[PDB]
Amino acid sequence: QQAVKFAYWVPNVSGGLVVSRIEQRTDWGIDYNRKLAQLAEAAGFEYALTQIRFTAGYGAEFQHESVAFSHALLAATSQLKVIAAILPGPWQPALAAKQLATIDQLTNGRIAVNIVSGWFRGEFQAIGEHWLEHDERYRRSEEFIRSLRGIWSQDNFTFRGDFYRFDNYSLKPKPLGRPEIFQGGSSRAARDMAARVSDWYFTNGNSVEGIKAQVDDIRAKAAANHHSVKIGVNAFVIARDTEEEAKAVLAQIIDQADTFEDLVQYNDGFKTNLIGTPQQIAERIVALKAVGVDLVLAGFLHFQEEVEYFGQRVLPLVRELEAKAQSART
């Protein structure tokens, strides 16, 4: 029954929304992102989620390294937390645990981690990494996560895994706080891992009924393991003063595609339907809160403008609706 938390996609990779050639006032540079992070902190966003890439993709020509970029965004803010994306394979838990702990010490305990298991083989092939089977990649990520928790929590951590080994490893200093572990993915392997070792699980964008079904499945598995997991939903937010204007922006995205079902195949956040007036979006967010959603991961076309707009128009309405819901229960 706690307040809904909000996070935004850090555009630390170029291209933005690569499937549409619509003009976007978004940049991947540090100066743009420093201002965006400060705007997001002032707007009421709690988390900033970075993206991890090594090779250029179909539309994303430049990518800042996620961990170094997370440290830079943290140094430009005061209370905003930044989720550093980690890709097992090119990343190893020993370095990831120690680097995230140091950054946590330098930023007053405001760093989190998002473990991505990888979807594109070409990124691994370019950097000399082998391409493991789909479920096998999640076995390795689960050992990666358990290593992070053990290294961060024990004086003499020992782990005898199929992918990672530790023998009386002592990390000092440890994180100031307990870095939260975010994780996405929609496959059975992804939600079996989240139901065991993850703090946050990003469920795929869907309708209110579909998201409720995804929430019930993950909580049922988590309860069987006696594990607690909070749930966030990915959403592409188009907030305008009029419903027609917001629906016109969605039309321009499809019209300048490089159908509506094609956007879902690339970005599931459109199915969340956070498109319309600020009052409509706030009502749908609270409706998602009723089915178990604890966090909204927002994507925007013009990040600096729409994040500021979100904090002045949509977020206050969400808080007012939350107080209204809280007052009716008592």
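Positions refer to the first chain, counted from 1. Rigid core (definition): largest C-alpha set, two forms, superposition within 1.5 Å. First, how it differs from the form deposited in another entry.
Per-residue Cα shift between the two forms after core alignment stays below 2 Å for all of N33, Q63, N267, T50 except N267. Remark: with the core as the superposition reference, the CA shift of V10 between the two forms stays below 2 Å.
Put the two forms on the same core and the Cα of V19 is off by 2 Å or more between the two forms.
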Second form
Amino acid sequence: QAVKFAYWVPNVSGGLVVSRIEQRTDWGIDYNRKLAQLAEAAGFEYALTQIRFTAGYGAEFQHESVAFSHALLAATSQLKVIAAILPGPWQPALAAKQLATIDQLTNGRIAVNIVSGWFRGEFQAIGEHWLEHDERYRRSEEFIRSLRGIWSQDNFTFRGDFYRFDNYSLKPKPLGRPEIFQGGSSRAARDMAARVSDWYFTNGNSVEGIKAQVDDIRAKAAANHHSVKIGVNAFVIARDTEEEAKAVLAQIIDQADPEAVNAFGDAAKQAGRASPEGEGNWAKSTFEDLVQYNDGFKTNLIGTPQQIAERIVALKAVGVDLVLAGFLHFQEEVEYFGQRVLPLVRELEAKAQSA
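Let me have the form deposited in another entry next, following on from the form deposited in one PDB entry.
Partners and other molecules omitted; one chain follows.
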């Protein structure tokens, strides 16, 4: 019932914007250990670590998602860290066993974000074939069923089109039950979430755009007798005045790296625009939307703490269970969010309950 919060780990060297603007944010482990500790102290339940094999959207350097996640877990106590994984260059036997060992070493705090892929050139560079849009989701669904089965069954057998297991016994299994997240917003993504995943993570959007996705998932999940929760990306710019927050947004966009934005935008046509419906990630993103590379400005958590808290509660009303927050200057703004924004959300929630 209370809304949950995650933050994007800036393990990619350009932060969370495609922009030349000065940021007090770094992609190295030293910066990120302290940020994970600040996020835990601020009240964030999850950190989300993105997966790249090569540079895109202005991230010339990227730390590998699973090892980096392990290091963040080792530096924290209660924080849960979601390691992103792309089927193809990743296989599920290795993923299940590596995640299970990290879970055993971190008191049960690792999770996974299965992402089905859009950056074709990256796959080509690393010798992976490029499956059709919905076919990438068929494979991701077999990957998810494989993870859950390996972790839950003494002797797991799975006779898939992409993956096979035959009486496979993983030991040790995870300490508890790792949560499986997935990223993407196409019909194929919503279908998979309503079947196998614990969480559907989606790009930023208007309230109406989010409600449309939630309503489809809820109906499908109910018919499948499956439980799934909803998280939405938001690039949060909280400042003491609304004018200052809008001025920061304008600086970010004014300083956009246009060659990086356009190259990202071209590659992103292999996500939602390439699905049979032509709907999903980046299908309707302008140059200015792309400057936050998961459409995070659209969620409009930009203004005063009070405006942002009221907007978060309005997202709860259409079925959002978690806000996935990106920031410009991560350490100071995560701390500010915990001191100034999150307590206002909790007060609004207490007042709603007592009525």
